[PDB]
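Since the structure of chain E is provided, determine the placement of chains G and H on it from the hints.
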Amino acid sequence: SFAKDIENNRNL
Amino acid sequence: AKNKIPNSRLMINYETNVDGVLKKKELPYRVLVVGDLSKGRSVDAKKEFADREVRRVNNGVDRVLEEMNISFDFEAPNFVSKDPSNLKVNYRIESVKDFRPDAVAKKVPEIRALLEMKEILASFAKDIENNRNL
Amino acid sequence: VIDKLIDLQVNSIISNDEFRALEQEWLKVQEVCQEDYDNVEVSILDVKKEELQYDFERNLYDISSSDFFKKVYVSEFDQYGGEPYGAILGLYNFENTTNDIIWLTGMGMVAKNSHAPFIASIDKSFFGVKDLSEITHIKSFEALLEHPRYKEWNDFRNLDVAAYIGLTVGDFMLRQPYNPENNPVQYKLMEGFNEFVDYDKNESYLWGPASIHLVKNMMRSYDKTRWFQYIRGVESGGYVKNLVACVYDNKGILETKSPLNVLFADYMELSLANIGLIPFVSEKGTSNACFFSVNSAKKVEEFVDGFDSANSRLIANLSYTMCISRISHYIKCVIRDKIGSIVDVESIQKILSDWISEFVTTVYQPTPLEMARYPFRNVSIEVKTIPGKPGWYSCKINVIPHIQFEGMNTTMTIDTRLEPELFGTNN
Numbered sequence: 124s125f126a127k128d129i130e131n132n133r134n135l
Numbered sequence: 002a003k004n005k006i007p008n009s010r011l012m013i014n015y016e017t018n019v020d021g022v023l024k025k026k027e028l029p030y031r032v033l034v035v036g037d038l039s040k041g042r043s044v045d046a047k048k049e050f051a052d053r054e055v056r057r058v059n060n061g062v063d064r065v066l067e068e069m070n071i072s073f074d075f076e077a078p079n080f081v082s083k084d085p086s087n088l089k090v091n092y093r094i095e096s097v098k099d100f101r102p103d104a105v106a107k108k109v110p111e112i113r114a115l116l117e118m119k120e121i122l123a124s125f126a127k128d129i130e131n132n133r134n135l
Numbered sequence: 079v080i081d082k083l084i085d086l087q088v089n090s091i092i093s094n095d096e097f098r099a100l101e102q103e104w105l106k107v108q109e110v111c112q113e114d115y116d117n118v119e120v121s122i123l124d125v126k127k128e129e130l131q132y133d134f135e136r137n138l139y140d141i142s143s144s145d146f147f148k149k150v151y152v153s154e155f156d157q158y159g160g161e162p163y164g165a166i167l168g169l170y171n172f173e174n175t176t177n178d179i180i181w182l183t184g185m186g187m188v189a190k191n192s193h194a195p196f197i198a199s200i201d202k203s204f205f206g207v208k209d210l211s212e213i214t215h216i217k218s219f220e221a222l223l224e225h226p227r228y229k230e231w232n233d234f235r236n237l238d239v240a241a242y243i244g245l246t247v248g249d250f251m252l253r254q255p256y257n258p259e260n261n262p263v264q265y266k267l268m269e270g271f272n273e274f275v276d277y278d279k280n281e282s283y284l285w286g287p288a289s290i291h292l293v294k295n296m297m298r299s300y301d302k303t304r305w306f307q308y309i310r311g312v313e314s315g316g317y318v319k320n321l322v323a324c325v326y327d328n329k330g331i332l333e334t335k336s337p338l339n340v341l342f343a344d345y346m347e348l349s350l351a352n353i354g355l356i357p358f359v360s361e362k363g364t365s366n367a368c369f370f371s372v373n374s375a376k377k378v379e380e381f382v383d384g385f386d387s388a389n390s391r392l393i394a395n396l397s398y399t400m401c402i403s404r405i406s407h408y409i410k411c412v413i414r415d416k417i418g419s420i421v422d423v424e425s426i427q428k429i430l431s432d433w434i435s436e437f438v439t440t441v442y443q444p445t446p447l448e449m450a451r452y453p454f455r456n457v458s459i460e461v462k463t464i465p466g467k468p469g470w471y472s473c474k475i476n477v478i479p480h481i482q483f484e485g486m487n488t489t490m491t492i493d494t495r496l497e498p499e500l501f502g503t504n505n
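Chains as they are written, first to last, in the authors' numbering: chain E, 124 to 135; chain G, 2 to 135; chain H, 79 to 505.
One thing to keep in mind: the hints can contain errors.
Just so you have them, the derived chain H footprint on chain G, three or more residues with Cβ under 8 Å [what the hints assert, rightly or not]:
no., segment
1, 5–19
2, 23–36
3, 47–53
4, 76–82
5, 100–107
6, 117–124
Negatives, chain G to chain H, calculated, CB over 12 Å [said to hold, decoys possible]:
no., residue
7, 42
8, 57
9, 60
10, 88
11, 131
12, 134
Hints were generated in silico from the structure; no laboratory data involved.
C-beta: ideal position from N, C-alpha, C; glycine also.
So that you can see chain E by itself, here it is in the shape it has in the complex:
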């Protein structure tokens, strides 16, 4: 469940 998609999706 590691959110490496919420953190990787930084967008400025």
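What follows is chains G and H alone, placed relative to chain E:
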């Protein structure tokens, strides 16, 4: 009086009694819906299933919602204010327009701090002062 | 530059799970109670799927003791002053699991008795595919269900209770994502907010099950008409006007996005009806939909005898069991008044028939709506007293509903034998 008045020679009475079978008002075609709305966060949701009074939505989904104490204290990344501690979104849903990315900034105390400046800072009259004209 | 923050701050919780889980589970609630008719009072019951999973799975062989069953049957339908329910709406998505199969087996056990067709939706996990759009690749679902993976499911389709379940396929887009030029967030009277974007691309920005519009048409097919013939086809029932589409400018010029999850073709509309599913097919570009099929999960069978074959074709049809159900809501509701009155075999056949008589015809009225007032074609009502119990009776009605159109083949040909005066020998 059950004793009954003494009968005269010309007793007229006038009957006002009426028999008959009473009427029945129509049945509104009820529609039950069953889905995880509160995710376990409401007055009727926190209670045991043996006793959950079904709602009605007499008014609308705006007020039948506010009737239920749907709040949430979930964490979120912080980008406002000072000090540590992740931003903690904490407010109860009133209307259905609460999920609108706008009513959120009005509800969350931290975000409102930036919106507060946009009322004062952005309202700088650099057009009334710059427009000097002698 | 404070806009740069907000465009990150708020966009962090709108994209967050849990938060957008309530959105989905309220947007599709607002969708149902949008119409607001003259005599169609909806009602809610927020319950987790697990709290019912445990319920039926514990009381499958003792449904009368089921807690839910005691909040729909013996509670409002059974009791005197109670107002009965009609057509439950399952907001869940049911897979091919051997657990969720019981969930339907139980809810249908209730619906069957409470007389309330339980409408729901099925997940893309049913067809064994991770993207619902990729269901179009399957040739015929008829040959699919022959696969031994659906053994448990084919058994359920044979149950009687399944004649009340009505599962829908496809999910309509219920919210347009937030762009400044498209669907701008209504900012405040001074707090500049309209300049505010979101973050999505392919296919993952909020959905809702077609079951909503299905039920939201049954409501419509009640305020306007009175029965449930008006929930099928384009010209007649299910049309569902004006859906929440989506548009986006990636590089081209605002390439529109169809409102529906999946763009069912023609033979898909049919090849699903046989599986016992309700496809929510879209008209390409038109930003609209329509329900062609409204079949229950009941098996259609085939049979040799023509009559028997036709029976199973009408029973599988949900729209009728919705209507036949409305007669049960008449009997166990109205005849309760004369429970003590002195009546006979010839008197009950009067009261029950004199009513339904206003809803049976053979002649066809112009337009669909003006005719859908009359669901049934003809009815028999042969009640008769039983021995032993003197004040008790036993009715037995039988209704033939106006059979709907369903399709047709056609062979064109140049005969050249129709008018022999032009091609004949004698000239």
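Structure versus earlier hints - violations, ascending order: Failing hints, ascending: 1, 7, 8, 9, 10.
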